[PDB]
Amino acid sequence: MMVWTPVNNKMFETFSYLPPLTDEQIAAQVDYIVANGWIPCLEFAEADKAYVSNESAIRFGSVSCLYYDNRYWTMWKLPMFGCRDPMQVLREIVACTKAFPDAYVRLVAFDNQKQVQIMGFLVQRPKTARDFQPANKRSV
Amino acid sequence: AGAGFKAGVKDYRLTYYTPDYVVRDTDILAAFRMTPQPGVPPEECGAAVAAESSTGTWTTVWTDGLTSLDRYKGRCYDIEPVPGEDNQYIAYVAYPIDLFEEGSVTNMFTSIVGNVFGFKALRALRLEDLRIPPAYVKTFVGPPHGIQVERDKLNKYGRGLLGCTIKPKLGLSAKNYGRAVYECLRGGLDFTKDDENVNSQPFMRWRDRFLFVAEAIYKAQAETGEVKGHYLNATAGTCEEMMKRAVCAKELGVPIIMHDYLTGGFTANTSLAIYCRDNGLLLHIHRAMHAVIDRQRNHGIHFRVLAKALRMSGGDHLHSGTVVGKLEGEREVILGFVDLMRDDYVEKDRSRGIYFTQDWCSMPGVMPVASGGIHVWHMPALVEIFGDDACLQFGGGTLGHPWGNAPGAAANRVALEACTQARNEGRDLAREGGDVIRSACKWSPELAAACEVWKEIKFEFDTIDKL
Amino acid sequence: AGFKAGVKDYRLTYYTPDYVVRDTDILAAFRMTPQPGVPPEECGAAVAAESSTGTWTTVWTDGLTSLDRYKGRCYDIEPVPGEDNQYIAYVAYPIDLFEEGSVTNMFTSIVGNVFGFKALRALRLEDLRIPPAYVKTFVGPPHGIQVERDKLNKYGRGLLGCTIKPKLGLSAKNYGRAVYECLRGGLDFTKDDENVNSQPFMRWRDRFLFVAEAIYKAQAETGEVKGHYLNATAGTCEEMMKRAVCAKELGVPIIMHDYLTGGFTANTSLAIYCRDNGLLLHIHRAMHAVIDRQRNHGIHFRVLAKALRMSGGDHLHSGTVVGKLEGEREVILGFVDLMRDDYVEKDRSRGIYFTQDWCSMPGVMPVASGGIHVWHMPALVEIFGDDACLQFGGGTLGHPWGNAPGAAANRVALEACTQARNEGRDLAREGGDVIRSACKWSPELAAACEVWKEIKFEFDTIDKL
Amino acid sequence: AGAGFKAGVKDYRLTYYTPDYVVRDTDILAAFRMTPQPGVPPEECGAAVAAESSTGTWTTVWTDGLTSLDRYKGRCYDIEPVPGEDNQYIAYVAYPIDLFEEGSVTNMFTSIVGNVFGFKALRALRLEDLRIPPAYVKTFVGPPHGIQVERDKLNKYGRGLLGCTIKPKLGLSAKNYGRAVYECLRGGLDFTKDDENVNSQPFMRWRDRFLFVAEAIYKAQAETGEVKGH
Amino acid sequence: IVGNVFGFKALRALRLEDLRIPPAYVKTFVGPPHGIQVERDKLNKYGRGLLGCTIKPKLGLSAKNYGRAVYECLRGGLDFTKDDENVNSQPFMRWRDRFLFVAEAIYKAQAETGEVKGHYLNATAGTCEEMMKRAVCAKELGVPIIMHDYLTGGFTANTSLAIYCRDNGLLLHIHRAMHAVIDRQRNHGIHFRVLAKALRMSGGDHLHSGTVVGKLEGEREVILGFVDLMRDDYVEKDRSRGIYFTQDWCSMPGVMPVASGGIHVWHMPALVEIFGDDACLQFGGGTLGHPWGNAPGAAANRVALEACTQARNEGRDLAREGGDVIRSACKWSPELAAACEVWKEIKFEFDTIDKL
Ligand SMILES: O=C(O)[C@@](O)(COP(=O)(O)O)[C@H](O)[C@H](O)COP(=O)(O)O
Ligand SMILES: O=C(O)[C@@](O)(COP(=O)(O)O)[C@H](O)[C@H](O)COP(=O)(O)O
Ligand SMILES: O=C(O)[C@@](O)(COP(=O)(O)O)[C@H](O)[C@H](O)COP(=O)(O)O
Ligand SMILES: [Mg+2]
Ligand SMILES: [Mg+2]
Ligand SMILES: [Mg+2]
Ligand SMILES: [Mg+2]
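Chains as they are written, first to last, in PDB author numbering: chain N, 1 to 140; chain F, 9 to 475; chain E, 11 to 475; chain C, 9 to 238; chain D, 120 to 475.
Please note that the accuracy of each hint is not assured.
Said to hold, decoys possible - Derived DSSO-like pairs: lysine-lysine, alpha-carbon spacing no greater than 27 Å straight-line:
| no. | chain 1 | residue 1 | chain 2 | residue 2 |
| --- | --- | --- | --- | --- |
| 1 | C | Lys201 | E | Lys227 |
| 2 | E | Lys466 | F | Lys14 |
| 3 | F | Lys252 | N | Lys137 |
| 4 | E | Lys463 | F | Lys128 |
| 5 | C | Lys14 | D | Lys450 |
| 6 | C | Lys161 | E | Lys258 |
| 7 | N | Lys114 | F | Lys356 |
| 8 | N | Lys10 | F | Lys183 |
| 9 | E | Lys18 | F | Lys463 |
| 10 | C | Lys161 | E | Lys252 |
| 11 | F | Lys183 | F | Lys14 |
| 12 | F | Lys128 | F | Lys183 |
| 13 | F | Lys252 | D | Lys258 |
| 14 | E | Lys227 | F | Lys183 |
| 15 | C | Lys201 | C | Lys183 |
| 16 | E | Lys474 | E | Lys356 |
Source of the hints: derived by calculation from the structure; they are not laboratory data.
Based on the sequences and whatever the hints tell you, model everything.
As structure tokens, this is what we get:
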């Protein structure tokens with residue numbers, strides 16, 4: 001029996017339980033976005049704004065149900081409307097991560113018919129992050 | 009003298025069988041699978057169903073003359089014979105929108121399925137489908153949030169949601185409930201839930217459970233950095249108790265409650281759905297009792313109608329069946345009503361049991377929930393059947409893991425993410441599914457332990473509810 | 011005994027043929043049809059497990075509690091005579107499993123998921139033994155038969171009612187017009203049709219007001235207490251309560267609720283309101299035949315009737331035997347006793363699988379309704395006796411001379427049959443004579459007798475014992 | 009690359025004039041009598057009206073791409089010249105039912121007549137008619153009773169109803185108001201009424217009036233044997 | 120005053136131009152929940168016009184996307200954003216979902232910038248009961264400001280809301296939707312200056328006043344007239360500005376004028392010159408139509424406003440040097456330069472219907 005560690009084992013929604021995505025695996029996800037006609041976009045946050053928190057609820061009456069701070073991140077430029085070239089998305093990942101080397105950065109895609117985000121996963125975490133385990137140290 | 013009052017009994021078909029009627033776009037339409045008694049013509053049987061679910065009774069009444077029966081009567085406008093059946097017919101009935109109370113699923117059911125199923129003149133009757141027109145759909149508050157808003161509130165995109173019913177069904181203390189909840193959530197499940205029959209009982213009172221569960225949700229959320237929830241059961245004996253339980257969830261600031269809509273009922277359910285809308289709570293709907301009504305091919309109400317009724321009454325989630333699990337539901341049948349639950353516009357398609365084109369006129373979609381007898385090996389099939397817009401629940405499939413709840417949750421979460429990744433890369437889950445899982449069990453020790461325990465476990469039986 | 015992960019047979023834990031049932035246990039009798047290759051013991055054990063504590067695979071958490079204490083137990087399996095693949099499986103549920111005062115919770119456990127299991131082809135709940143210790147947790151009927159008779163000051167005969175027709179399409183004013191004319195002729199009650207709630211053609215509050223005028227007019231005219239079951243059935247509990255409050259504020263005697271389409275949670279709420287405000291509650295069983303018609307699958311009405319008595323209702327529709335809707339004599343006699351009586355012994359010839367002790371919970375008045383007319387009167391009086399309401403919708407509003415003569419005809423027929431019974435006449439044998447003598451004496455009754463003389467409803471019974 | 013965001017001002021007609029659009033039975037339709045400024049084509053004027061009462065503003069916004077403008081936009085689908093007029097047109101606009109809050113006349117007016125009447129590019133604008141579809145009508149509670157129920161409650165049939173506004177409009181005391189009301193009702197009128205501007209004022213407070221009027225209604229009703237109201 | 124007389128057969132047209140509301144009648148009104156001074160004091164904002172922005176497209180955005188656009192607008196330098204007048208509660212976006220996501224956006228932008236932020240959440244509704252529910256949610260979320268469409272909602276509802284806002288410390292932004300149905304034509308209707316006085320009495324902290332230079336009509340001298348009537352304590356008769364009566368407001372709080380509709384960076388000098396600091400300037404298309412997105416669009420508008428304000432404070436005449444001021448700013452700021460490039464040639468110049 002292995003024990004799932006509760007210490008420094010923070011996750012990041014979709015794909016965070018798999019081995020970290022290789023560049024080839026990231027490019028395959030981007031192909032998926034383009035093949036389906038979805039709208040790619042990049043979002044980023046500094047470390048203190050990366051995970052869901054409760055601080056604003058100090059101002060509330062009894063209305064905190066499904067309110068969390070840090071769900072919104074910051075938009076990198078604009079969503080790439082009409083983009084059909086995967087290489088263009090990959091170049092924006094590079095540009096975003098270069099401008100904000102110490103930020104969390106996630107790639108998302110939007111469906112304008114459902115009007116919802118249809119995909120998303122982390123593409124960068126700051127090198128100073130120490131609140132996550134590598135896949136082989138998640139259970140002891 | 010014109011037409012006057014003549015006392016006495018006449019055939020229903022003289023008034024209620026109208027084969028040349030052109031249906032109106034505001035009419036509610038019903039498709040009844042009808043088995044008449046020997047010596048009862050199908051036309052008379054369909055007319056009877058139409059009459060006794062709208063305006064008519066067994067003998068002529070004088071009061072008809074004070075109103076306009078033409079304006080109000082239900083109309084059997086078409087009868088199809090059933091292929092393969094000697095004595096089965098599909099009777100189509102049209103009901104004027106005027107017959108129904110705005111916003112009341114209760115009233116719609118009371119007319120359409122109130123008395124006609126007990127008539128001596130028929131041997132069996134099944135309601136297969138309803139066409140709910142936009143003009144009536146627009147009278148309903150509908151689901152408190154819907155699929156898009158739920159995903160947006162939870163900040164969860166790109167994969168199926170993962171859930172888990174706490175087991176044993178009954179008999180756990182409040183503290184042990186919260187203990188199990190925390191260990192499930194912290195391992196990678198998005199949700200856990202009260203079992204449908206967990207309300208308030210001598211072994212565990214509801215408010216004790218809500219508090220310990222709140223502690224568990226917040227602990228797992230802090231630990232993982234992901235939004236967590238537990239469907240706290242508001243199902244109760246009275247509306248007043250139901251509401252007290254909802255109010256406590258609100259005051260704890262937790263995301264989600266649940267209701268058993270058939271055993272609690274449509275009147276209570278609609279009330280709760282309005283409450284959840286006004287207070288920002290997600291509402292998970294359990295379909296307990298549905299199979300009493302919906303299992304048999306010859307008599308009852310098909311689940312697709314019970315699903316439409318829930319979407320109108322209000323619910324953010326509704327259980328849909330698994331195809332591959334311990335409870336019955338055929339692939340094509342399920343795919344049909346999943347579309348009716350989620351989509352805005354669904355065209356007639358008899359190969360999936362859809363008898364009418366259904367326009368939902370922008371009423372929010374309801375998230376289907378696949379639950380019951382499913383485990384890691386089922387994951388590729390589930391993802392292939394439902395896509396991302398579904399919750400997949402693993403009760404026994406998490407709490408039955410050899411290493412406990414957190415490893416059990418991580419096994420399920422790894423399996424889902426592996427399949428989601430594989431699909432996104434262009435792999436065919438219908439054929440390559442076993443390969444995706446085997447590669448994953450080889451990589452993840454948690455998943456391997458799950459794969460080994462349940463490798464030979466299948467649920468394959470003759471289907472009762474065939475199209 | 012440690013935790014061993016994996017699937018094992020349900021019967022290893024949940025089939026207990028040597029279990030001695032406790033007097034506090036809830037007992038269930040399930041008519042069960044297993045799939046080929048599934049032993050009856052395993053199928054019965056699956057039903058017991060999945061309606062109580064168990065799931066499809068072994069869970070570690072069992073060890074934290076006492077499964078012995080909480081598990082439902084299949085303790086007996088009877089083969090069904092005449093059936094190759096049907097069995098009666100008897101399951102015992104500890105009283106600890108259930109929420110006090112909640113019919114909703116009882117149903118959620120007992121009939122929640124098990125009917126959809128792949129491993130069975132069909133399942134029907136035939137009966138439930140509700141023990142006194144559980145009965146006592148329920149408020150129950152707002153009033154019951156004795157108190158209802160006492161408040162209405164009506165004794166010595168069946169009550170007479172009538173559903174206003176056409177079902178839908180009448181204006182509020184025309185509704186009260188029909189109601190006045192019915193009540194003034196001899197009927198004790200009239201009623202909203204089950205599906206009369208609030209609609210474009212007639213809004214509920216308009217109807218409530220005009221109906222109140224009609225009740226009070228007919229009461230003043232006849233010198234007898236009158237009522238009309240005003241339908242509180244609604245889309246939401248809040249709307250339901252608004253309609254009950256208006257009834258209270260008008261001082262009228264009685265409201266109705268469609269307990270199955272409204273639901274048990276709403277119904278229990280309404281019954282408590284009625285208790286606390288002195289309103290009689292008439293319960294319409296709309297939708298029941300969706301659930302209870304077929305012999306092989308569903309829930310028999312006797313269980314739905316027990317559930318209503320617990321949830322709360324002063325009247326409940328019972329069937330007619332002789333009218334347009336199905337219900338066999340012996341079946342109906344069985345659950346009428348279950349609805350009215352304090353103690354009903356096991357009797358399989360009437361479909362009573364368990365001795366039922368109601369521990370002083372008030373009885374519910376059976377209502378015979380649907381396709382009945384004057385010629386049925388002797389049979390109805392003979393089947394039900396005095397403690398019943400007999401309802402004639404079409405049989406009153408279908409009279410050639412209108413509502414008041416129609417009501418008079420039904421009232422004369424009832425009183426003639428009642429008097430005959432009291433004098434020692436056998437209604438089963440002499441019923442036709444009693445009615446013929448009455449049609450000869452009463453011109454109103456004669457008109458009714460003439461119109462419906464040849465009208466019978468005789469068909470093959472689906473729901474056979 | 010497909011349809012992306014291009015910043016800047018373009019003609020409204022490129023998006024909002026759709027003369028080939030087939031209206032849906034759930035659409036709210038509007039008939040606007042439109043007088044454009046010199047140099048503004050009627051098509052552009054109708055499109056502006058359609059845009060600025062539905063989804064659009066004066067310059068292109070990027071956020072359009074997150075939703076479906078095809079689904080939500082108002083559509084000027086037909087323009088008729090007005091006979092007798094050199095510079096008047098009837099512009100027909102269709103609005104998807106999704107644009108409107110259920111049961112709210114306030115919201116319907118806010119969209120359809122909210123801003124467009126003040127646009128510099130038009131000289132005059134008149135909303136002539138609206139097609140309210142059944143699917144939207146059904147979202148409204150509507151009239152408390154209506155003609156049939158009113159007649160039934162009052163027990164009055166076979167003739168028009170007779171009413172009368174109390175005069176002078178303002179300046180009568182509550183007691184004098186009831187005195188005038190009684191004398192009107194007792195002579196054969198079904199109703200009397202407060203003048204529109206009689207609310208609550210220094211010469212006559214509302215509750216004083218309501219009580220004296222109640223006395224008057226009941227006196228006239230007893231005297232005549234006919235239901236009276238005020 | 121306007122009940123029946125406009126329909127009389129004996130007249131061909133009638134227009135109410137002005138009303139003299141005496142102090143003895145003014146004093147009977149609760150009036151605006153806060154007023155200009157209190158609003159500035161609660162927001163801690165002084166020395167410049169306030170900057171706002173209507174979210175676009177008008178209708179069709181989901182609650183999540185609404186908050187997303189709001190966060191990006193606010194974080195770039197705008198003080199406020201707002202629901203469009205017709206954004207109430209609809210199938211595409213239900214009000215309570217919007218209120219919650221907008222709250223997240225306000226608090227994120229406020230934390231990020233260190234400046235107080237708000238978003239006018241629309242309380243306009245079909246019934247007084249629904250209107251109040253929405254006001255109550257805003258109160259419980261701790262947010263600064265809501266809005267109401269006083270003419271389409273109506274005066275009875277508006278006065279109720281204003282009293283609620285006074286008792287609960289919410290700022291109340293008033294949108295004048297429908298006013299031009301009433302006030303556009305010179306020969307018939309009611310002039311906006313009367314509708315403005317009525318609003319000051321009924322209660323509102325902000326009221327839209329027109330732009331002079333934007334897409335909706337309103338002449339400079341006309342607007343200057345009623346802006347004084349909205350803000351000042353005492354306004355003398357002046358027929359050259361359409362003021363027919365001397366108006367004494369007897370210390371009733373002033374209402375902040377809101378300039379909105381088809382305005383962009385090049386209008387900034389003119390707007391600052393016309394209104395001065397006690398105004399809110401709103402840029403919907405002028406922010407969400409920026410080629411670089413909402414935050415840069417907001418930053419462009421904020422830079423422009425501050426540049427003009429600084430110039431004015433230094434003694435420069437914005438009426439003649441305004442062009443120079445903006446050009447120096449477009450040269451200095453890339454965000455601004457992008458805005459300047461896009462809307463350079465865009466003007467709204469038509470013959471005026473509502474002349475004095
Ligand atoms: O009580 C149960 O059996 C479950 O908790 C599943 O347990 P497991 O996860 O351990 O199987 C669910 O309620 C059923 O799936 C409901 O069936 P359906 O979805 O068809 O309504
Ligand atoms: O809708 C009807 O048909 C009735 O109003 C009877 O009308 P008539 O008197 O004209 O037949 C009753 O509701 C049914 O009898 C209900 O059936 P049950 O009592 O079996 O539940
Ligand atoms: O709907 C609109 O057009 C606006 O949101 C402006 O949008 P833009 O910023 O994109 O122009 C405002 O409501 C109008 O300015 C109202 O006009 P007024 O202030 O004259 O009442
Ligand atoms: Mg369960
Ligand atoms: Mg009925
Ligand atoms: Mg008047
Ligand atoms: Mg606007």
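Hints, verified against the model:
1. C/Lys201 x E/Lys227: violated, 32 Å
2. E/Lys466 x F/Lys14: The hint holds at about 19 Å.
3. F/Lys252 x N/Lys137: violated, 44 Å
4. E/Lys463 x F/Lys128: holds, 19 Å
5. C/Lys14 x D/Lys450: holds, 23 Å
6. C/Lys161 x E/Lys258: Cα-Cα ~21 Å, so holds.
7. N/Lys114 x F/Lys356: holds, 22 Å
8. N/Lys10 x F/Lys183: holds, 25 Å
9. E/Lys18 x F/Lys463: Roughly 14 Å between the alpha carbons, so the hint for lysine 18 of chain E and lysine 463 of chain F holds.
10. C/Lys161 x E/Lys252: Since the Cα atoms of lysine 161 of chain C and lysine 252 of chain E sit roughly 21 Å apart, the hinted pair holds (cutoff 27 Å).
11. F/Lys183 x F/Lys14: Violated. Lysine 183 of chain F to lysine 14 of chain F sits at ~71 Å, over the 27 Å cutoff.
12. F/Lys128 x F/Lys183: violated, 54 Å
13. F/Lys252 x D/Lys258: holds, 23 Å
14. E/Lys227 x F/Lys183: Outside the cut-off at roughly 62 Å; violated.
15. C/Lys201 x C/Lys183: holds, 15 Å
16. E/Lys474 x E/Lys356: Within the cut-off at roughly 18 Å; holds.
Checked against the numbered hints above, the structure violates hints 1, 3, 11, 12, 14; every other hint is satisfied.
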